[PDB]
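Here we start with a single chain on its own, the form deposited without the partner chain, put down as structure tokens.
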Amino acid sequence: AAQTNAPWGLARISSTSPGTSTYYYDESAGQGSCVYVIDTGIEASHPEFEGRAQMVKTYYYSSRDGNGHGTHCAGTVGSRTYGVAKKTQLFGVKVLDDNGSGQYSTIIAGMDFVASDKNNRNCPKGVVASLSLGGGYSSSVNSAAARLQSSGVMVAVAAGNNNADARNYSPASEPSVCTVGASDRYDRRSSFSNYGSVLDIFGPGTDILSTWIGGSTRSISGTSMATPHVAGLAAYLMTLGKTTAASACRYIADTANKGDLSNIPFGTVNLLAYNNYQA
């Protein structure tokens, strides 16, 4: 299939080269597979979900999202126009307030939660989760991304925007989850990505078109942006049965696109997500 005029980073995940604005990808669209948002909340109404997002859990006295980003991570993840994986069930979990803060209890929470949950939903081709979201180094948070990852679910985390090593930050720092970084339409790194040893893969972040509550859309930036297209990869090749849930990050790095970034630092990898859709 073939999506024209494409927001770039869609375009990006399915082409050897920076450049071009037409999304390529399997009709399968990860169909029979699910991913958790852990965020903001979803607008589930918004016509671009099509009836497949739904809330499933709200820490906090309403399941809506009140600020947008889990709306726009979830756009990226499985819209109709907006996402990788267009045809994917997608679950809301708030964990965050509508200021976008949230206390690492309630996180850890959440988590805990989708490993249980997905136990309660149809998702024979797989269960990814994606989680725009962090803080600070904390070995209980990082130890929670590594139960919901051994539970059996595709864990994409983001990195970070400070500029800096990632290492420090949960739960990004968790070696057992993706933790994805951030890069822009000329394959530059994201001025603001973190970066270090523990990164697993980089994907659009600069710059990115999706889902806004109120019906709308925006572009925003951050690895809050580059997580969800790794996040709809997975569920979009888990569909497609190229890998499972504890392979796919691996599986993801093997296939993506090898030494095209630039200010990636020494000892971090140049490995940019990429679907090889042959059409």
Given for the second form:
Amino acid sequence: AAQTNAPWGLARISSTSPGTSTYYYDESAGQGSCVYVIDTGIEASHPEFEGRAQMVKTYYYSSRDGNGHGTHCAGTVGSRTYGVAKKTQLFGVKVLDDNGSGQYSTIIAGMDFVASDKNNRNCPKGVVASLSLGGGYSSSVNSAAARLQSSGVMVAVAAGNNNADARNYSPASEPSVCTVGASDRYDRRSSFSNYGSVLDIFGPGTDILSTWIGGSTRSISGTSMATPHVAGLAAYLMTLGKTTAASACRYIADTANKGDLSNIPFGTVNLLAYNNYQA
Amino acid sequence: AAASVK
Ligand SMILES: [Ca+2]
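May I ask for the structure of the form deposited with the partner chain bound now, the form deposited without the partner chain having been displayed?
Entire complex below, previous chain first.
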């Protein structure tokens, strides 16, 4: 399949070279896989989700996304126009308030929810969890991410936006899960992207158009925007049978474009997510 | 402690 005049990051993940604007992907499109988005919520009514997104859990007085951050990230995973895996199911876990803040105890509660809840859903091909959030180091946050991964979920995590070593952030610093850095349209590391040996993979993160609240769309930048590209790519690859939850981060790194990026510090991998599609 | 969107 080919989606013409695609947002740049979708084009980037199906290309060996920068400078193209056509997303190429297998029509299976992540069907039968599921992705949880642990964030500020998802506007499930948005036209672009086509009835494939729902809110399953909140920890606040409402399950609606009043911020927008969660809906944008959900759109890069699974919206018809802006998403990687256009036919995936999208579950929303509201762990952050409408200001984008959340206590670590609530975040952990949402992670353990995913590990259990997945057993109550129909996701025969695969289960991913996108975690576009982070904060100060904590072994307990890292352990919850480890537990989720250990249950049979692929957990993608944003490295953080401090131009800093990601070892000091959580759950970015948990080795067993997939830690995602941000790149720009000219194959540079984004100038805000955390780096370091704990990073697994880079994905598009600067100027990423996706869905917002009110049925709208906008562009924003962050490692939070790279992470849903990788979460959607894993779902897509599990639907194709190429990899499993426990092996998808490694599969992605092995199949990635290698040595494309610039602004990579010594000690950080030079690996850009690639879907390997050959029409 | 408090986490935030990235
Ligand atoms: Ca890893």
